[PDB]
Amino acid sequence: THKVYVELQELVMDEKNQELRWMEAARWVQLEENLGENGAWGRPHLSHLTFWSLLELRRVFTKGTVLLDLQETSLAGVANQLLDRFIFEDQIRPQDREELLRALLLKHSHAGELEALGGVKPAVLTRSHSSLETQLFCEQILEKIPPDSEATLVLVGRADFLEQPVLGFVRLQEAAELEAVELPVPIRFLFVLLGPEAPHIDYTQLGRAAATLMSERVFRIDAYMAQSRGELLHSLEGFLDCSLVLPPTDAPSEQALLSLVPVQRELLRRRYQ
């Protein structure tokens, strides 16, 4: 059994060079901390999920490409095997493989490099508004991470060429320090969510949902012991069974969340049963 550090990256371009790359969006250690503009992490908070993010997460996980016990120690090899499996399960077309590989092997720069760039803007991959969490918590690590920790990387991007959104779940045979993508702790799991623009599909929220799912203890244990996609799907159904949806109400916010405590406690009890 291991703890987890989930890092969520997104496809952006810098302003200075106009070069496509991967930017950290949020990280999960014990609570979600989002990276706002000017390169400062926001106040830690629980991960809250939109309904559409979980709906689309289940939709892409049901048909998702899963590579359990994959023997690769580099991001290039993981991406190569993942794209081959994407072609094999008819997720992506063989013409898309080269451009998806070029996207997945870009520079994964970090928070400190944001000031070196001087600005970062979202992006859509091509052949050839601000986030709610950023608006609420970002308008204003190594010590926290346990030593026996295995990292999870969630890669999220939008590609115009892709005809449908695709999920790729990769579990390495052994944890690896990917020289392409540096993290405090070695990487074991890998989420890849790529897709065309689509209604009710916010890819940042999709990556948030995947990272929150990986942060959950029951699903993390199940994904460690999973030997097929069906076990992961069963764990996801259990995760959604114990999820609590809060509809829009006019009640006071603190009273609304305090009154949900008995029900959410019962749901946690059901989750750990």
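By rigid core we mean the largest C-alpha set that fits within 1.5 Å across both forms. Positions refer to the first chain, counted from 1. Shifts are known only where both forms have a C-alpha. Compared with the form deposited in another entry:
- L183 is the only residue from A175, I201, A123, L183 whose Cα shifts by 2 Å or more between these two forms, the rigid core being superposed.
- Once the cores line up, the CA of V263 ends up less than 2 angstroms apart between these two forms.
- Taking a Cα shift of 2 Å or more after superposition on the rigid core as the cut-off, the stretches of three or more consecutive residues that move between these two forms are 179 to 184, 250 to 259.
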The other form holds:
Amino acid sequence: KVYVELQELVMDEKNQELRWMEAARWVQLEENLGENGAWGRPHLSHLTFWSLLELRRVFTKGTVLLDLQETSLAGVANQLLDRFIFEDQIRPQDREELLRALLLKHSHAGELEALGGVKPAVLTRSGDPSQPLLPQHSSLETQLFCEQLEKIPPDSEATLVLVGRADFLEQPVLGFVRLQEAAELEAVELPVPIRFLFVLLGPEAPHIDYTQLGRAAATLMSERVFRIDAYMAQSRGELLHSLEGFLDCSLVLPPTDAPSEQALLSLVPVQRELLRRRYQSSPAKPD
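Swap state to the form deposited in another entry from the form deposited in one PDB entry:
Only one chain is given; partner chains and other molecules are left out.
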């Protein structure tokens, strides 16, 4: 089991300065950070349909930097932006703004009360942050679990997931990085080296909630089959195949007007069969 941290590009209220603030963390269970400043109860990760659809869409044409010889957030950011421009994911005029955004201060829960709280933020063409234009949706996880680290193994490696909204982008863009040597970065406070980096940038678009996109990416990284495939991935095709299997073994629950546990517990064999299908291909065995 590994540690996955999700940070969202947000702006504070006391200075109106945009920075990175952690929104959720995974050590095989998901925890979320509330507006009060404390972590909610741990819970199993549940994903929206649109988050997984968009994650697949941005992954299929995603920019992958496997076995990258970088040991700094600045170096990873520079290499990722160069490969973004190389693959026509972004434009060369966007590089300066995206580099300024990626290297911003990464804040954590211990300084949320030191600030005046954080607000959703969109990175604008200039050096100033704007406010989102689309209607806001308060996170389901924060409403359900928040309104109320010793399990990290000593020989584990971390994953950092960065989600940000920048209106000066034609399309959402996914950047996946696997470092050659797991290194500790200034972004992550916990003394665990980072092996993987997820970077999700894009403009405001319908059916795309970047917090849920980062939740889907972090849940994918927290899955053992995909993580083992990600360590062994030599190309974007293998990661895509692992994502396809992850979606193959997913279970979609439609809305209903009369939910009951007796009907829901009838899906126990389906969940068991999907888990068995997921683990039949991996070297690992279900825990």
